[PDB]
Amino acid sequence: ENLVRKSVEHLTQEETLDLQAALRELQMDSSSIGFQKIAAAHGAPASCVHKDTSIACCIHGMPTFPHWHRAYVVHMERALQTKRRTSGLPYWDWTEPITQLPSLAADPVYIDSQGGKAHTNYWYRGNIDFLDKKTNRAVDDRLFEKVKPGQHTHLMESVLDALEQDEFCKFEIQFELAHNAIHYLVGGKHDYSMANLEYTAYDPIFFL
Amino acid sequence: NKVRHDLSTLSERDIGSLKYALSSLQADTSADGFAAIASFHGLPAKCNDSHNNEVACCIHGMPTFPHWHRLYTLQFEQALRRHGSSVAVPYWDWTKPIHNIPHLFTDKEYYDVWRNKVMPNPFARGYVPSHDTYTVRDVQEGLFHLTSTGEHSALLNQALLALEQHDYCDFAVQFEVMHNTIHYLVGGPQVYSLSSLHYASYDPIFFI
Amino acid sequence: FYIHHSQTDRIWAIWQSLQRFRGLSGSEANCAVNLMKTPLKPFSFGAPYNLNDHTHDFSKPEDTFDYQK
Amino acid sequence: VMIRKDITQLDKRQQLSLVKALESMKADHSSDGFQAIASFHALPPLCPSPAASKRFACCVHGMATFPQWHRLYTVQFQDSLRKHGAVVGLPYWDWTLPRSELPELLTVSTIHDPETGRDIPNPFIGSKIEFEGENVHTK
Ligand code: CUO
Ligand code: CUO
Ligand code: CUO
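Residue numbers (the UniProt record's numbering), protein chains in the order written: chain S, 17 to 224; chain D, 2098 to 2305; chain B, 1890 to 1958; chain C, 1681 to 1819.
Treat the hints with caution; some may be incorrect.
[Unchecked claim] Under the rule of at most 16 Å between Cα atoms (straight-line distance), these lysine to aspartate or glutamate pairs were calculated in the EDC-like manner:
#1 S:205 with D:2209
#2 S:22 with S:109
#3 S:133 with D:2235
#4 D:2205 with S:156
Bear in mind the hints are in silico, worked out from the structure with no lab data behind them.
In isolation and in its complexed conformation, chain S is listed as follows:
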């Protein structure tokens, strides 16, 4: 029935491979349904405001912000189903510190079993068709991983404070800030990456 989203780590190899093949298949999809077209919605190319001057189409700094992005994931999720993705879009729990990056997203190369050939992982990256360029990510802040005097982490603290807020809007301001950190760490300096607003959509990490 309804798709279930599990953590990336939880994903089984079988599940992961389905995901592996599906997005890679998805990348090929030229259709508007296709991933490349999907990326456009988040940012460049922008056409958010129709005839008037374009601006990035994504609500940020607004309470609408969580709504828009949530909608965004589903769109991709649907795409995976076309891909015949077995399960829903996995989520990378940034909050918990992780010793290493997630294998699925992190590994630049995915090695299939049975001596499968090593190929670049689809999750590792994607290409920007409109602006001929390849997206890239650099994690300047490797340190973020496993930094914590205990269970509480900077993200946890930030999120927790946001959590303790009845007002949705009050929550949003706190919540949004936590959200932005991942883009910053992953994207790093690179112009084409999660760090950039327009470019970030291309990275598959954005998805997770």
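Given the coordinates of chain S, work out where chains D, B and C with the ligands should sit on it, guided by the hints.
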């Protein structure tokens, strides 16, 4: 003309030179270049001649075997020197137990630079253009050596035994086998790897 | 550029030797004490930009006089 | 005791090393590399920070500190060449004496060192300014 140092001993400055040199090595299209240089070891087999009848170029299971590989290393060293490598290619002392795979080779990305640009680590791997396949490595953790003595690893024992042999021929037999272990370790089951005769030359670990 | 500066540096060294003859310590500079202390970039900026350890340590000009260093 | 000698005095072997070393230095991808080293003195300007909006050129010119800065600059090159396998220290061209002929080491465009027997351009003759678009020989 040249000194060889251990990988661990290599300083960042020293390694940095190596990092760049290999990158430039990879670039070298010429026969002297890396892609061409690799073929010397095995596939494609140019060895008897370019003619269709062909065999692997390297001599194995033969007393000539140590001679050939020795010569082979110099070819790379000269290549790097041309490239501007400051030092002779380092050797990865296998005999000592390896807590972890050397950082220079292991790191997929070579983040450090004044530029602090992120790039792939030429040391990490290369790809086979003919096959249009990519190198892969399947390594066993077992390589982390545990032994009763601790000092006397299997490699150490095997190497030492070979060492005590006046007969060169006898020496070579023992000598080669110890040599074999690393190819198996890194390559693992992967068809395209050090474990493979033809493919193995591609991996940069090979030189080390 | 390098060749020229080498010569210029050579003459500077010459001056230091003359100063020793004078009896002034060659290493010691009396003048512009404030500037000498300050480290000179990018030498001060070590890696990744400056791989060289020696220049990095040496960035203070005070240290620079003794070329032998 | 690395020794810096008059460029003229230098041996063919000594010359050999410098030519090869600099040429390799030119190639050096590293930050230690020649192109990078060059940027220290002037453009691209590194001084305020390697990445800063307004950048100034690294010249402690017109200051007392000036000889010291340049002194380090030379050694930076010298150390670099050594990484390259420079046998000796950077030589000095004594302008003080009048010179009918310009130094051959720097002047000759092509170098046909006898050992290799191959002919290559004299890295000492010039360099290319990469960042500046001008992919011209430093004229
Ligand atoms: O929000 Cu538009 O980027 Cu995560
Ligand atoms: O032997 Cu031919 O490769 Cu180690
Ligand atoms: O260059 Cu700044 O001094 Cu000769």
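Problem set entry | Ascending list of hint numbers which this structure does not respect | As far as the earlier hints go, not one is violated by this structure.
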